[PDB]
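Given next, in structure tokens, is a single chain: the form solved without the ligand.
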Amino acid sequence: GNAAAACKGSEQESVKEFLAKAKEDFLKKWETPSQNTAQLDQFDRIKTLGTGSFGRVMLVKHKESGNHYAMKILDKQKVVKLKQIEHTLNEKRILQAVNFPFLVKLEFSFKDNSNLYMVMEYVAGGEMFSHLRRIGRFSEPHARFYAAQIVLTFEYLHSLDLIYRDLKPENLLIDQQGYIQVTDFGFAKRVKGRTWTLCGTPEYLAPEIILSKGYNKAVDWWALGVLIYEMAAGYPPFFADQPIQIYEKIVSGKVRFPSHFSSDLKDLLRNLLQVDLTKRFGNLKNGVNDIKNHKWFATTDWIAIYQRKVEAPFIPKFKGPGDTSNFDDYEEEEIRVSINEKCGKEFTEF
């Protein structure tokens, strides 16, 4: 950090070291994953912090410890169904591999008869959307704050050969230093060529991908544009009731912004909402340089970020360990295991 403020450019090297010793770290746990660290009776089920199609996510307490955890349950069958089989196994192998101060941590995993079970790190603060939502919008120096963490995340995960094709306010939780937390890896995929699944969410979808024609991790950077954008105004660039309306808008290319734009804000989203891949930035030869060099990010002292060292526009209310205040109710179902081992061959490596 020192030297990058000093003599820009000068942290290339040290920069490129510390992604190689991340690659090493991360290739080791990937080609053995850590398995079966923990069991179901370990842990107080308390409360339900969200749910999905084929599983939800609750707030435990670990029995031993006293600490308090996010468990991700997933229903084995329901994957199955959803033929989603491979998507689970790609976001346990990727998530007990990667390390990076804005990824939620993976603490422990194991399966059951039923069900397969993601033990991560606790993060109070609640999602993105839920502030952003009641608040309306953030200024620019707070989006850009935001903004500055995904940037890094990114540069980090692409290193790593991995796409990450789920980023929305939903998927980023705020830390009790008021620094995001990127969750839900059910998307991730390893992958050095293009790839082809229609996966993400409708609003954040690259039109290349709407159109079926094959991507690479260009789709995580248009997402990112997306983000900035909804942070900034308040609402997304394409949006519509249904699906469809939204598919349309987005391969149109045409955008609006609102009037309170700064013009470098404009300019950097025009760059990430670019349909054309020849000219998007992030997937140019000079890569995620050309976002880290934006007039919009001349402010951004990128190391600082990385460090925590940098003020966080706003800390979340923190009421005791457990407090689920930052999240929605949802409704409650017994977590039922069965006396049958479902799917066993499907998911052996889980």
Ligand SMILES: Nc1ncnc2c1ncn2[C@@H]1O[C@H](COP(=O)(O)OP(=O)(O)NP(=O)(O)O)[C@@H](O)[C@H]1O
Given for the second form:
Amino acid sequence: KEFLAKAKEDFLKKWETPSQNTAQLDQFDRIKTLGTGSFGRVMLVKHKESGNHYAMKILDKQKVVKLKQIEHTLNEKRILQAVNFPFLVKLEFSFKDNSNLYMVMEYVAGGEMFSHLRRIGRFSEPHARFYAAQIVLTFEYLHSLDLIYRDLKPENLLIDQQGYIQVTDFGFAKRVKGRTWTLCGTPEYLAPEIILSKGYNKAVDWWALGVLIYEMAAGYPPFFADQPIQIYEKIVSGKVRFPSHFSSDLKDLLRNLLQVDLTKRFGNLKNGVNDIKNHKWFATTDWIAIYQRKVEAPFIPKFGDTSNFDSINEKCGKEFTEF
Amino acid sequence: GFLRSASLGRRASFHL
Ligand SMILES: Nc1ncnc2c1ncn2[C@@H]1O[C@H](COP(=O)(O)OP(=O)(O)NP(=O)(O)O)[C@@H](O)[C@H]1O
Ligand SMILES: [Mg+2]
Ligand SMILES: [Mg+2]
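Having seen the form solved without the ligand, can you show the form solved in complex with the ligand?
Full complex below, order starting with the chain above.
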């Protein structure tokens, strides 16, 4: 637990002092944008100094106050500036303006895994094991800090130019030591304890992991239907039909990950994360090399190239004084 | 018993 205690200490220290106003909008120059949302815009910018390319989000204070989404926008920045993991997108610069927010994070070139997965159709089980192993370490790091992710999906997994994972979206993130109740996520990745309106803890991410692995190896999510209300019935039913080409080790790992019983699910038992790390499916996985990122990636994207993607008066300023 | 393309498109996140 040497790395575990070092991470928690440096996290809780950074958590109490959340840095801000550490750069200037004018310093970066505007480059072609990457995407937009209901609350703001996601862009790629270049710093005049050696910083150069950077991915930055510009959020409007009107948007987060209008739909009461302000609860998740304050958690997002604070969690980002305090974590330090290879598979998490590094937050570099953070500052506020009279009308906009600024989270300068690393630009990831390879694009969303959802794109590559849909192109290829399916990932080979070795290809899936490489991506899944990074998430397991990413969850163990976030669960030792009492954080839950609550939005695991291929559309939120970015591939860097070295073929590795960079988890991007932290909106629905929050640290809980017990349970929470907020309905957030994607219907095809919601855990049963979320749909039933019962309380849910850190075990929802280990459910989402089983869905993510299923979608990588099969090419489609395990629960799907015309109407979202049918998806909820399928999720709580506990009946999953595995594809033929699935291995015996993979089908066994998914039944434990996609367990409706919250206390018979891997990552929630007494052993914890090593329940999954020491599974017959992850036998070929060297976890120390994955963390240190010294493993040949099974796929490196084609490669700043954006080739893989497709009033001035202060308003509500005191509402974001912490930011 | 189909694999409809609407179930295979990009998926957004909701909040309530
Ligand atoms: N660091 C980054 N590097 C490269 N692309 C990024 C980065 N962060 C976000 N994007 C892209 O910017 C777009 C915004 O996605 P996201 O970061 O999830 O914000 P969002 O509000 O959830 N928009 P959406 O994902 O479409 O619902 C997506 O196309 C992402 O792939
Ligand atoms: Mg997303
Ligand atoms: Mg989204």
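Between two forms, the rigid core is defined as the largest C-alpha subset superposing within 1.5 Å. Numbering follows the first chain given and starts at 1.
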Determine whether the C-alpha of residue 295 shifts by 2 Å or more between these two forms once the rigid core is superposed.
-> no
2 Å or more on the CA of residue 52 between these two forms, with the rigid core superposed, yes or no?
-> yes
Displaced residue check between these two forms: residue 281, CA, 2 Å or over, core reference | no
